[PDB]
Each structure stands twice: as structure tokens, then as C-alpha cells.
Amino acid sequence: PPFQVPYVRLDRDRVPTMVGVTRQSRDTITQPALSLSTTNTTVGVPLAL
Amino acid sequence: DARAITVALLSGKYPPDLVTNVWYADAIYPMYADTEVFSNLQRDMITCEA
Amino acid sequence: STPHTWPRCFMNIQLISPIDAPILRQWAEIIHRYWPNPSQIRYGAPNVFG
Amino acid sequence: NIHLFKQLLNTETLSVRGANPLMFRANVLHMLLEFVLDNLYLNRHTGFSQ
Amino acid sequence: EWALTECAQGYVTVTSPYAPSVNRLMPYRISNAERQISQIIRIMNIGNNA
Amino acid sequence: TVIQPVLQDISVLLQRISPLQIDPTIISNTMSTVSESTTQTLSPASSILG
Amino acid sequence: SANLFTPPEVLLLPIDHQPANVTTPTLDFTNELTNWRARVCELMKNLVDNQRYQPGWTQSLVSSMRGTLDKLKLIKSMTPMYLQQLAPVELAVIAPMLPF
Amino acid sequence: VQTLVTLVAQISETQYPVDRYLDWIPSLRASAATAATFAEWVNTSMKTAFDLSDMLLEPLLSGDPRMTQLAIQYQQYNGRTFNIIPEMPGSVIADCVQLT
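Residue numbers (the numbering used here), protein chains in the order written: chain W, 1 to 49; chain P, 1001 to 1050; chain X, 2001 to 2050; chain G, 3001 to 3050; chain U, 4001 to 4050; chain S, 5001 to 5050; chain Z, 6001 to 6100; chain R, 7001 to 7100.
Extracted from the complex, chain W is given alone in its bound form:
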């Protein structure tokens, strides 16, 4: 199924720069909202035309 992030015409400030997923948590953190920023794995790949 589709998976998109918003398209910005020329507003540089809103250009996406990282998409990350997590599959675990750090040593003591138990709340995903807190460990997400440091336990994420960047995802993406360019394709040539």
C-alpha cells in the first residue's frame, strides 16, 4: 500500500530529510515517545531514471 510524505513545492524548511523506524528500546527508557529519537534506523533509497 502507498507510503507518502508531504510534497513541498519550494518551502525548503519543510523538506523531509530522514524517515526512521525503530524495533526496540534503549537500556532504561520504557516509553517509545522518548527512545524513538535515538533508536531509529533511517530508511530510504534513490532510484535513477
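Wrong hints could be hidden among the right ones.
Think about it this way: if two alpha-carbon atoms lie no more than 20 angstroms apart in a straight line, the pair counts; the simulated SDA-like pairs of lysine to any residue are [claimed, not checked]:
1. Z:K6073 <-> P:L1018
2. Z:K6076 <-> Z:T6023
3. R:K7047 <-> R:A7036
4. Z:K6076 <-> Z:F6029
5. Z:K6076 <-> S:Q5021
6. R:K7047 <-> G:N3001
7. Z:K6045 <-> S:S5046
8. Z:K6076 <-> Z:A6087
9. Z:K6076 <-> Z:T6024
10. Z:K6045 <-> Z:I6075
11. Z:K6076 <-> U:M4044
12. G:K3006 <-> P:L1018
13. Z:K6076 <-> P:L1018
14. Z:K6076 <-> S:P5024
15. Z:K6073 <-> Z:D6049
Derived by calculation from the structure, the hints in this document are not laboratory data.
Given chain W, put chains P, X, G, U, S, Z and R in place with the hints provided.
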């Protein structure tokens, strides 16, 4: 060689049924059964005398 | 390739001299004013497909 | 019935009539898992007779 | 019927009976939560691999 | 020549007594990248595996 | 004791040590080695995002670079655990037995 | 996924709330390797029961599963980040094994 050390640092694992007490008892038993400390002590005493 | 590398003259058109480089200024303002505008369209049958 | 409690982590147990006590909880948990799994069926209506 | 008609944007019309059915079992509706979970799983094993 | 045998033997003794096992397949599975028939890979995963 | 420049009953280490405990979490950033690896990976990340230092890359390798660095940072190997807990014990056991 | 986390919670310590009726049965000190092996066994059993041949949970199975969690985020150039954490729904298998 840095490469070997890095590989060792990134690819370590334990046996999935490790019990430290049993493992280390088995490890120590023959090592101490084949000790040579006492002969070394006697040799050291001879060396100082000489 | 990254947003960090956008040249300052590109976001601020005035930096390009209308006299020393008219073609580049024309091209920049054309890009700013006529680049396609994104939009969106509804789809799907959420009541069953989620 | 010892063979039902030595199928997860008893890869070191030399004797075929022995099992490691420390694996008992893991083995029991596994056994319960497939106990549930093997019973995932819908009871069917066959037919009767007076 | 409604879902298929909606998905095709009206270009295709399907029909369903209007009668006392025999309450067949067709389990296909799930909450959005597990759809998102499965989508995350699908994304997580595709990263950086053209 | 005097010192080398001592270090080599001690290193072997550590290797044969530690529970730690070195297994690069951990690295290989974590990367999980093949990229067959890529004359110009220019991919970080392939280079780091190399 | 054959110690010369050290107190007779002590053995020096270049790494801090902790009591042995197998149940330790892998991603325990308290461990110095794991924290070091995380710091190095984060530094390389911060180096590579904005492409300020890699001109002449035709394609934006930022995503793949960051993904690889994240995989290395969070690789769940058990070597630092062993180095922090078990290895000093083995060294302490062996040392008095050595001929030298 | 939920069945995996529930079963692993019994032999190791995790962050999710969970009941415990098998504490009187003796058990070892679970390590990362033990957890990985247990998770692999669970995955194999689940795949067998439902007649699946392709991958299931292997994306999770890499390394230590004792602290699994699912979330996804993305970041703009200006630093604003957006998180999506799916609030994990129920499970009949986990509840039934809990009852058993």
C-alpha cells in the same frame, strides 16, 4: 590489525545455554590441575641466592 | 542533492543582477512562479479495506 | 516422558534419559504454545438421529 | 458490494443478492492498528535496498 | 623471538577458555544486502562488507 | 607477588570492569565500549548529513549512509558485555599461573 | 508479534505489564542468546501452525527481542519531527496462552 579487532567487537555472542558457574568450574579444573607455581617459587629462591 | 546546498541566490532572487545576468534572473523567477503545484485526491474504501 | 522437556535448549544433555532442570520453564512455555495452537478449530455440525 | 463500487470510482458496478441468506462466514475486516503495524514491518525490511 | 611464543600461547589459552564466540554472520544478517550484478555498486553496505 | 611498580595484590586494566551478570541488556549505554561505539556512529552521521564534505557524489547517499550507520550503532553483539564483565575475571584467574 | 512479546516476558524482564504464574518452575538467567533462540522457536511454531513458508518476524528476530517496540518518525529540514506510534491492539493467542 584493526579489521580483526573491529569484527570481534561487532560479532560476539554467548552460547544459548551458558551457566557461568559450570563453565568456569570446568575451565579451571584442568588448568589448576596442571599448575607449576611451586617449582617457579623454588627456582626464584635459587635465583636470588645465586 | 540536499536542502543544505541550495544556493542563497536561488531563494533570494534580488541577489542576481538584472543587468549582469538577465537570463539567469529570468530563469529563476520562471522556476519560482511556474513550477507545478502539488495537490491531493481522495481514494479507497476505508469501511472495509481500512 | 522426559523427552517432552528436553527439546528447546537441551543440546548439551548427553544422556537420552536426562534433561536440564533450568530449561523446564522454557520447555513448558513452548509446550503450552503448541497446546493452544493445535486446538484452533471450529466445531462442525454433523447430524443427529433419534 | 459497497466497498468494491467505491474503490472503482463508479466505473464498475457489482451486485449482491437481496434475500434471506445463509449467513456465510467471510472474515476480512481488521482494525487500522494492525494494518499500520504490518505496514511498518513491511517498511522496516526494505530500507536502503533498491 | 623470545617474547613472541609467550603472547601467542596466552592468546590461544584465552581463546580456548572464554565462552565468547566470534560470528560474522551477525554482521551479514544485520546488513542483509546482496546487490547482485552491480558493476558500479557505490552502495555503503556493499563497501562496508568488502 | 612479583609486582614491581604496582601494589603487590593489584592488576591494572585499561578498561573499567563490573561484576558479572549475564542478564545485562545489550544496548546498555552505561557500558563504556557501547557508549563509545554509539558516539562514533553519531559523529559520522552528523558528518555526512548535509553533504558539505562530499562534493562529486552524483546521488544523495544520505539515506543509505544513515541507515548503515544506524545498523552498526544498534548492532546487538555481546563483545562489550564480555570485555566489561568476564574477561577481567579470566585474566585474574590466569595471571598467577603464568611462567612469566 | 504480541504473542512473541508476551511469551518472552515470562523468562526475561521487559517493560510491558504482564502476569506470572510459572515462577515456581525453575529457570536459568536468560541472556540475549537464550531470548533469540526462544523467539526463533516461537516463530517456527507459529509458521508451522498456519501453513506459512515465507518470512515471519525475522525483521524483529535480528538480535535481542527482549525490548521490542514499533514506531516510525520523520523530520523536516527545520527540525520539526512527527511521530506515529500505533497503539497495540489485543490478541487472542496471547490471551489464550495466558489462560492456559
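For each hint, the structure was consulted:
1. Z:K6073 <-> P:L1018: violated, 26 angstroms
2. Z:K6076 <-> Z:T6023: Judged against 20 angstroms, a Cα distance of about 14 angstroms means the pair holds.
3. R:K7047 <-> R:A7036: Since the Cα atoms of R:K7047 and R:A7036 sit roughly 16 angstroms apart, the hinted pair holds (cutoff 20 angstroms).
4. Z:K6076 <-> Z:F6029: Holds, at roughly 12 angstroms.
5. Z:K6076 <-> S:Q5021: OK: Z:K6076 and S:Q5021 at ~14 angstroms, within 20 angstroms.
6. R:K7047 <-> G:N3001: Cα-Cα ~26 angstroms, so violated.
7. Z:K6045 <-> S:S5046: This hinted pair holds, its Cα atoms lying about 18 angstroms apart.
8. Z:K6076 <-> Z:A6087: holds, 19 angstroms
9. Z:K6076 <-> Z:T6024: holds, 12 angstroms
10. Z:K6045 <-> Z:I6075: holds, 16 angstroms
11. Z:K6076 <-> U:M4044: Between Z:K6076 and U:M4044 the Cα gap is close to 17 angstroms, so the pair holds against 20 angstroms.
12. G:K3006 <-> P:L1018: holds, 16 angstroms
13. Z:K6076 <-> P:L1018: Since the Cα atoms of Z:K6076 and P:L1018 sit roughly 18 angstroms apart, the hinted pair holds (cutoff 20 angstroms).
14. Z:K6076 <-> S:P5024: holds, 12 angstroms
15. Z:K6073 <-> Z:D6049: Within the cut-off at roughly 16 angstroms; holds.
When held up to the earlier numbered hints, the structure conflicts with 1, 6 and fits the remainder.
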